[PDB]
Amino acid sequence: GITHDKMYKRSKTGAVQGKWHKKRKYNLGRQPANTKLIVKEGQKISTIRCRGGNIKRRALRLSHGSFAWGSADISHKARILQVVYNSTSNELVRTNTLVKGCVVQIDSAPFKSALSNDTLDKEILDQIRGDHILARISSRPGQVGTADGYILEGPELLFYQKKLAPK
Amino acid sequence: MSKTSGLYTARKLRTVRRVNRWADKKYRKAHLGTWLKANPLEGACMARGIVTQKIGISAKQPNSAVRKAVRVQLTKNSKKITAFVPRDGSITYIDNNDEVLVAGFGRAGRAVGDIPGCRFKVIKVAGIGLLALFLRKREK
Amino acid sequence: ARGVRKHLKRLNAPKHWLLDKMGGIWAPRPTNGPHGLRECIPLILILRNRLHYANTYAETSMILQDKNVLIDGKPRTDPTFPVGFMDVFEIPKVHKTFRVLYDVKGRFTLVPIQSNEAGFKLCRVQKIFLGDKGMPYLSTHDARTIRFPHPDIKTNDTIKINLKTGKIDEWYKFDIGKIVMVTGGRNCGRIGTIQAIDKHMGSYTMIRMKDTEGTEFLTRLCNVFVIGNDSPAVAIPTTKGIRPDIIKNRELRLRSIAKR
Amino acid sequence: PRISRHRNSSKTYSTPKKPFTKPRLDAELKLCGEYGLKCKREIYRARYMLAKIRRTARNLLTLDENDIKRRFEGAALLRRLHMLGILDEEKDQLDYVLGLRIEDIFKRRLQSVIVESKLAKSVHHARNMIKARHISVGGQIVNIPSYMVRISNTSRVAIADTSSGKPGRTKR
Amino acid sequence: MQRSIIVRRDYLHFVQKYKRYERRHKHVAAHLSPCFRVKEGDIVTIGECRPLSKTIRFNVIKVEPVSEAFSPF
RNA sequence: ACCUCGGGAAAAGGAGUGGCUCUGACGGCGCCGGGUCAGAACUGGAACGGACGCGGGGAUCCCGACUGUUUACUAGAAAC
RNA sequence: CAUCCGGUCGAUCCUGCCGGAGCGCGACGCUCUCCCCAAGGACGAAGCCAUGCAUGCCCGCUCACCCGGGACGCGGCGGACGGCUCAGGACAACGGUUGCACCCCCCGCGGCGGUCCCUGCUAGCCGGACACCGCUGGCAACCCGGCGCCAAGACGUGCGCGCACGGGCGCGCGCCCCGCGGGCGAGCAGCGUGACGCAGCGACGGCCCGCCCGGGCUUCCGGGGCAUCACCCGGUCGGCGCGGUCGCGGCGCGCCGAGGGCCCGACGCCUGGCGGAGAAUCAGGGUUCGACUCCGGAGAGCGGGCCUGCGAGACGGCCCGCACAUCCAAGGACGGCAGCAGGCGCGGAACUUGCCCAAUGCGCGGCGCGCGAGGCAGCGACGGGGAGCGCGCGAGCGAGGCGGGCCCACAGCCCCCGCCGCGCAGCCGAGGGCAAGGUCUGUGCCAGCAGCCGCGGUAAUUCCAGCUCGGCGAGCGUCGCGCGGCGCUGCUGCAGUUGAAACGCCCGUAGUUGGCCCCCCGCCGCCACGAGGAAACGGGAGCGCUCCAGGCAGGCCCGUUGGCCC
RNA sequence: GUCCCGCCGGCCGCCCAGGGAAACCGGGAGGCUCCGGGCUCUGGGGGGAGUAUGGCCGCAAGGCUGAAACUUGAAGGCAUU
RNA sequence: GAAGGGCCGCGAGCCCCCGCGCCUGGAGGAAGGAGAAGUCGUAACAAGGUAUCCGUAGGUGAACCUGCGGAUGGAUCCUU
RNA sequence: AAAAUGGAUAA
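Residue numbers (the working numbering), protein chains in the order written: chain A, 171 to 337; chain B, 51 to 190; chain C, 1288 to 1547; chain D, 57 to 228; chain E, 6 to 78.
Mixed in with the good hints, there may be bad ones.
[To be verified] Only pairs whose alpha carbons sit at most 30 Å apart, straight line, appear in this in silico DSBU-like list of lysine-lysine:
id: 1; chain 1: E; residue 1: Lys24; chain 2: A; residue 2: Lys192
id: 2; chain 1: B; residue 1: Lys62; chain 2: E; residue 2: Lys24
id: 3; chain 1: C; residue 1: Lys1486; chain 2: E; residue 2: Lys67
id: 4; chain 1: A; residue 1: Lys179; chain 2: E; residue 2: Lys31
id: 5; chain 1: D; residue 1: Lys67; chain 2: C; residue 2: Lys1302
id: 6; chain 1: A; residue 1: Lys247; chain 2: E; residue 2: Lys59
id: 7; chain 1: A; residue 1: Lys182; chain 2: E; residue 2: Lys59
id: 8; chain 1: C; residue 1: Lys1535; chain 2: D; residue 2: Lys73
id: 9; chain 1: A; residue 1: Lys179; chain 2: E; residue 2: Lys59
id: 10; chain 1: D; residue 1: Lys108; chain 2: D; residue 2: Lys73
[Unchecked claim] Derived list of chain C stretches under chain D, where covered just means 3 residues or more per stretch with a C-beta under 8 Å from a C-beta of chain D:
id: 11; segment: 1299-1310
id: 12; segment: 1533-1539
[What the hints assert, rightly or not] Beta-carbon label-pair distances, calculated as ranges:
id: 13; chain 1: B; residue 1: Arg78; chain 2: D; residue 2: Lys125; range: 56 to 64 Å
id: 14; chain 1: D; residue 1: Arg228; chain 2: C; residue 2: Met1309; range: 44 to 52 Å
id: 15; chain 1: D; residue 1: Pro75; chain 2: B; residue 2: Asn113; range: 42 to 50 Å
id: 16; chain 1: C; residue 1: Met1309; chain 2: B; residue 2: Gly177; range: 41 to 49 Å
id: 17; chain 1: C; residue 1: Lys1354; chain 2: A; residue 2: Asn224; range: 48 to 56 Å
id: 18; chain 1: D; residue 1: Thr77; chain 2: B; residue 2: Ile173; range: 30 to 38 Å
id: 19; chain 1: A; residue 1: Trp190; chain 2: D; residue 2: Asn122; range: 51 to 59 Å
id: 20; chain 1: D; residue 1: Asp82; chain 2: B; residue 2: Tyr58; range: 36 to 44 Å
Since the hints were made in silico from the structure, they are not lab data.
Heads up, the beta-carbon is just placed ideally off N, CA and C, and yes, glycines get one too.
Could you put the whole structure together from the sequences, leaning on the hints where they help?
Structure follows, in structure tokens:
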């Protein structure tokens, strides 16, 4: 079931192509692993058997990620406080999905240990003294099962803040 | 004029023969498929039938003779065909409501010679060969 | 197909081994091992069919599992194990010390060589890769995965595997001036010298090869193999890569029946 | 499935394009008398071979002269004819092949070469002799008269190792 | 189209039953990024790529122009 | 289907419709209307034109083309 | 391997087709003396099936009530290959060519082989339960329950060495372009460094990397008809995320833009549509066939849905819906031969419920099993080959019997040596084509014959016999089909004044076709030669299966072969 | 002189080759089996049949496209008596 | 963490609704083709007794007839 | 000016 094969799809001129084969395990798909944050139960990540003996960590829920600074490279294990602006869909960020590529608020407290230095990314250093630092999840929870993010910096910080500034 | 004398007129040339080719009567009967449906025998060499009634068809006016024929009902497609009992005195062996084998007259379905309305022959009556019951080799 | 193919049909089986079309729809399986199906000959073919040795396939197997046979410095009791180019097929118990090399015809046949030249099996480096972490590696056609290679060897180079010693000590390049035995396509098994090597982007590099008498053969870079800088590194089959022409083949064969 | 089906077996008969011409048919009775051939098929058998032997040559005779392919393919055909003996060591050339005829091909048969020696009597007795195995090149009492004894073994042709100890006529 | 470019590869086909040739064409699809500026009627070389779409499997790696006011290239 | 090509036609036959919570569109000029629209949640015994207002439909046949008019107080028609 | 000929007339030359003639491959009729190479329920029923089989093998483990080997269980490995059909699929499968810098991969092969600390701590080796079974149970059956004993190379923890490391995450090219190698043709790759995960690996160190064998896609092309199918498509066409997958891709899923394909036939429908390598028939050019043998595909009653796994959307696996059945103790239970043999139906049509691994493979086992893959036998005039049915006037044989031998898994056959001895023809014609009576009875345009012209009305060259004779021959006729015939399809190579056929004409876009000229370069097309592409098959060199149809053999031999051109 | 020779575009009669079954064309129906300048239509024995149906166009009458089943051995061209 | 549930997906099946392909029953109506020697006229081929025939429209038991324009494939290669 | 017809089947 849940096939990814091209027989079902229409051709280039939009001509339907008749099916010549029953579906096969080589092309398969599963109900997607939407990844729920645990803001409100420890992180539990199912392990799903895959083709080739390899295994994929199904992210039913995740709570903590490794986020790294854009210049000083602090890289601190932290908590994903909340999720905003998935861009692929507004609703995914309203159901707290942690799909990779989503701005997430990370707790400032572990990464506040880096507050001592100055000339160090002043716009984010202000955000470090503020209870949340925006970061974009950079690994796929649905396959990897572990979500790590990079600190929001550079022009992207400006756009993703511009996006969250009407609020 | 066959014309189309162009290096780049192979497309036109290929189709012109394909379209005009169907016109040839022999090719048209051969591959239209109208006859594969029409043939009572279904294109089979021979087909089984049940005898419905012995009939006499007068031959063409040049050759005046009462040809003797049997109306047979094909078992496969329930078509009422007329077969000609062959040779001399053969009708006496044939009985009504009796199984029969029927095969082509050899002109390719067309009537052979002077038999009006007849296109098929009776190879076997009730299993036993018609020729055998005529040559005496196998009797009733 | 579902899973993996498990049997071999003789009619599909190759023209190079040459099996009797009659006597079995099936053929011995080129079972997995050191040499590839296109470039290998099953040992049970080189035991039963080649030397006309033991009688049946079951009988061949009984000797095989009695540990009576040796291949490439180890015994290997597999019944249809692969035997390839330069695979030292020799039996110590029969004292038959041979090696397997390609004929001018294109069927590898046994070329006799003693322990002195049976100590080392010649091979070519096809791929250099970083494997098992950052340890650079070297792979030969018979799946001989030596580890850290010598700095001089790049690729299309030649390695003297040492059998029981199993190490690389002698390295020969493919650059023009090294005698090259062709192992693919039409020439498929005759020696020569490299007239030139020519490359095209992402396309088969064509290496010119002319025999000692003359006669050109232009096989692609993958099939080309460097047997020696000059002369065989181990031995040449008694054809020396002459390739006698079609009438010449008739000439040799006609007197062959007369000799009896 | 079954190695049996991978056998190439064909037909040697070369049936005529027109089956009822009396000039040809009556000569068939005449050739049948000349070599004692049992069936029209027994002529047809060598009719195919004869025409084919001439046909292969008619290709290589008009083929590029002194060509390597012609030399190898011509060598085979001429050699076949020298050992069988239809062609000769004087002729030794592609040109002579066309002249061969079906009866000239029949000459090499054991119904014909036995007749030249006269070991087995007239072609009538001669065919009877091979079936009765009283004639052979030697050591293979031939049952089949079709055996085309080659020129080398025509001199070697002989009466059976065992002819006619309790002969059938005087057996009782 | 959006970052796409449809190309007509036209070739002559030598049928043998009639010694004559046909005239056939293939409509192919390629990705052109703002690197190259093209117009319909321009000649471009497209290289094969990891499937980039259902039909776009090519990338424009060369571009030549044509006078601003069937050729088997 | 049919057709005088306009009609038939609302053909037939289906699906949805509440409350709340939000969000894009629409203008004048930087402040200021408008009440129509799409959406998207979340929710309520499986309930939403919740009262009201408000076509049953289809296949033919016979008249008369039709919109019209008529026996006020028994015939509204195919009659005029 | 370039051929005709019967037929429209009182005759003649045509056009034009009807008829023969040959070859293939099937059905049928009558017939057939032995051998040899034998196909064989493909054919608008991929309809339905009784019965029996088609995958078991091991022994890691034994305290089974006989020996240290085991009955069974459990553990292991293979059951996905093999066998069968050909329904679907008509820009798909499928042939050649490409790429994976978008992948996955059992087994074998060779290399690698530190696994962090709280770790956890016992490695002189740990933990408990676990079938078979003991005892007791339930039903008519399938079928399992409980309690206790308990068996391991099974599991489950865990001996663990800070260049600790499964996967995954941040920062680690430049500055107009390339010109070195772990590399490549291409920035691909490795590895450090910072965080995570503490992860795979072991209680008989194996996780890994390469390799093999492959699968997943994919490029450039080839890849049925139908216009009484002309407009078509709506994740369809693109971009941008995000999922999903072994991975790339509308593969899904949001958001955006309006694309995509066509007279060079799009789209739709149709097909007694698997495709190729190949066949048949044949101067050349071809034309039809492609069920079957090898290669690729797809299906197992029909739809789906899933598990064990490295791989299966598997049916001699499961789970459902649908039909179609069974069995029943009436509560229940259990299916699926398009495997082999054999039914039943259907058709014109297609064989024994044989035996056996002995071969040739393959699985498992190193201390021989397992195989309805097959091998053999039976049936077997699809056919194909080779001798018969006398020869000679007198010499003999063989189809058989009868005993050996040999062959043989075992009988058998072949083949041998004795002893004996049964040689043995049919189907079709005889006016013409077309070969072969100017014979005789019967019968009267009746009967019949006759492919086609014709014969039969009281002299039948033609029917019904008999006599002769001709064809081919243990085969010969009769139908159905294709090809040659047939320049009756015309590219080579058709015909259009009258035989059949220039649209009444003009304008004209698709197409299709186009002067002359400009040596000396790019892209063509092209021209030639290559390289690399499966054998079979076609041919083709050699080799007396007794000839042969055959075959890769054989011989005191080229490393003896088995080539070689496709 | 409305002469003579004509030069081109037509309208025509006879016809040399040459072609064709011939009637006969010959300013082609000649330069073809010693076959190939280009483009287009159209036919494939004679009936059924321009018939049926599916369109489409037309006020209609009808036009254009266009079957098959089925039958039959001749139909037909130009000539000579 | 068993029996269960809630919700999506993948998806049979059944029913309805339309499209298509494929065959088919049927009074009665209208043809066509073949039945050894039916009835009614004689249209056409001789200027076939009214030269034939093409178009188109009208008539008539039936061939056929007549109108109006055409061809010669005519019964005319010939005439201020 | 008026005139229609002639079986079949071989000869």
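Results of checking the hints against the structure:
no. : hint                             : in the structure
1   : E:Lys24 / A:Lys192               : 44 Å, violated
2   : B:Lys62 / E:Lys24                : 13 Å, holds
3   : C:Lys1486 / E:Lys67              : 23 Å, holds
4   : A:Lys179 / E:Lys31               : 21 Å, holds
5   : D:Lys67 / C:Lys1302              : 28 Å, holds
6   : A:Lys247 / E:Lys59               : 41 Å, violated
7   : A:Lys182 / E:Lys59               : 8 Å, holds
8   : C:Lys1535 / D:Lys73              : 42 Å, violated
9   : A:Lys179 / E:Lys59               : 10 Å, holds
10  : D:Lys108 / D:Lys73               : 16 Å, holds
11  : 1299-1310                        : holds (count 3)
12  : 1533-1539                        : holds (count 3)
13  : B:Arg78 / D:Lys125: 56 to 64 Å   : 47 Å, violated
14  : D:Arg228 / C:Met1309: 44 to 52 Å : 48 Å, holds
15  : D:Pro75 / B:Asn113: 42 to 50 Å   : 30 Å, violated
16  : C:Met1309 / B:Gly177: 41 to 49 Å : 43 Å, holds
17  : C:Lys1354 / A:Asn224: 48 to 56 Å : 39 Å, violated
18  : D:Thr77 / B:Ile173: 30 to 38 Å   : 33 Å, holds
19  : A:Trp190 / D:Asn122: 51 to 59 Å  : 58 Å, holds
20  : D:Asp82 / B:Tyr58: 36 to 44 Å    : 59 Å, violated
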